[PDB]
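Given next, in structure tokens, is a single chain: the form deposited in one PDB entry.
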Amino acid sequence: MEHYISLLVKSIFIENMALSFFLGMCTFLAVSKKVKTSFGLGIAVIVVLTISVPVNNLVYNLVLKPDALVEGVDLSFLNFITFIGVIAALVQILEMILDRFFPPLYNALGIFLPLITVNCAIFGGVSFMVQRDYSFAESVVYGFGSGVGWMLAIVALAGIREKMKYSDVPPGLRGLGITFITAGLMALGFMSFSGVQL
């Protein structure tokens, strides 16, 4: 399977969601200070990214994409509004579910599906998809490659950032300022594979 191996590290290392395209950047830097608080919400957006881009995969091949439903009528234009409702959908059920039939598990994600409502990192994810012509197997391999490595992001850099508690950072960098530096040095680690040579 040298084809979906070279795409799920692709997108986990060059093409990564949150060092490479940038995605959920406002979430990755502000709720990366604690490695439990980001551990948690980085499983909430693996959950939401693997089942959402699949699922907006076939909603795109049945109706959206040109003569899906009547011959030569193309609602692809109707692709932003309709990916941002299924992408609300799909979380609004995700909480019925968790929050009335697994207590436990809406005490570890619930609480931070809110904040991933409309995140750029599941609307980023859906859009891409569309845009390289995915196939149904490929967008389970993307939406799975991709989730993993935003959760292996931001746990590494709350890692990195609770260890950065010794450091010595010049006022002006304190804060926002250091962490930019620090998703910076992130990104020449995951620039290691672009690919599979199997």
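Numbering follows the first chain given and starts at 1. If you superpose the two forms and keep the largest set of C-alpha atoms that fall within 1.5 Å, you have the rigid core. What changes on going to the form deposited in another entry:
Lining up the core between these two forms shows that one residue from 26, 164, 63, 173 moves its Cα 2 Å or more, and that residue is 173.
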Second form
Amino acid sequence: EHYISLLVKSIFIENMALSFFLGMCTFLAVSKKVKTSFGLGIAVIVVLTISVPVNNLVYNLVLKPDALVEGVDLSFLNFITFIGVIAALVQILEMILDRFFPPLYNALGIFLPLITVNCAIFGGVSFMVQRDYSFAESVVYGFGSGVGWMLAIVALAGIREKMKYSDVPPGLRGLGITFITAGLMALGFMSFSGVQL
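Could you output the structure for the form deposited in another entry, given that the previous block was the form deposited in one PDB entry?
There are no partners or other molecules in what follows, just the one chain.
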């Protein structure tokens, strides 16, 4: 069905982390340990799957041209509304967990502060707006992108751990090698570029 195809497209064919370079700054900084990356990967999924549908509802209701009132369009407010809504969602989630769900806060709360502005969260909404998606479609796309992003970060984290035995030259060690490692990752993920799903 359409939902199944969309979910797979957003995970492998359309990978935000590597295909579109969205959210690379946190991709390389937090990819040190798999356990940390997995925790971050869960945080982005909830943020992406809670922000993409809400923004879609907001965009259609008011921001969409000739939607709030005939003859008036508020598309120019697209950037402010998306980032504004996303910022509130990240902060509110980080607080309710610390109050009502202690154990969840320690697992995801530590990571939300850096995702308040992260590129992947904003990028997913912008791409969704550029295309035509329904509410149910957006939920799958938002959830699908999160898993795709979480797949890349975890895969990179596993590689970096496997590189503990490697002997990288000084200087290129640290950030420089991660860029090369990420570059090679994109090569493997370009196999599906031709799929038109």
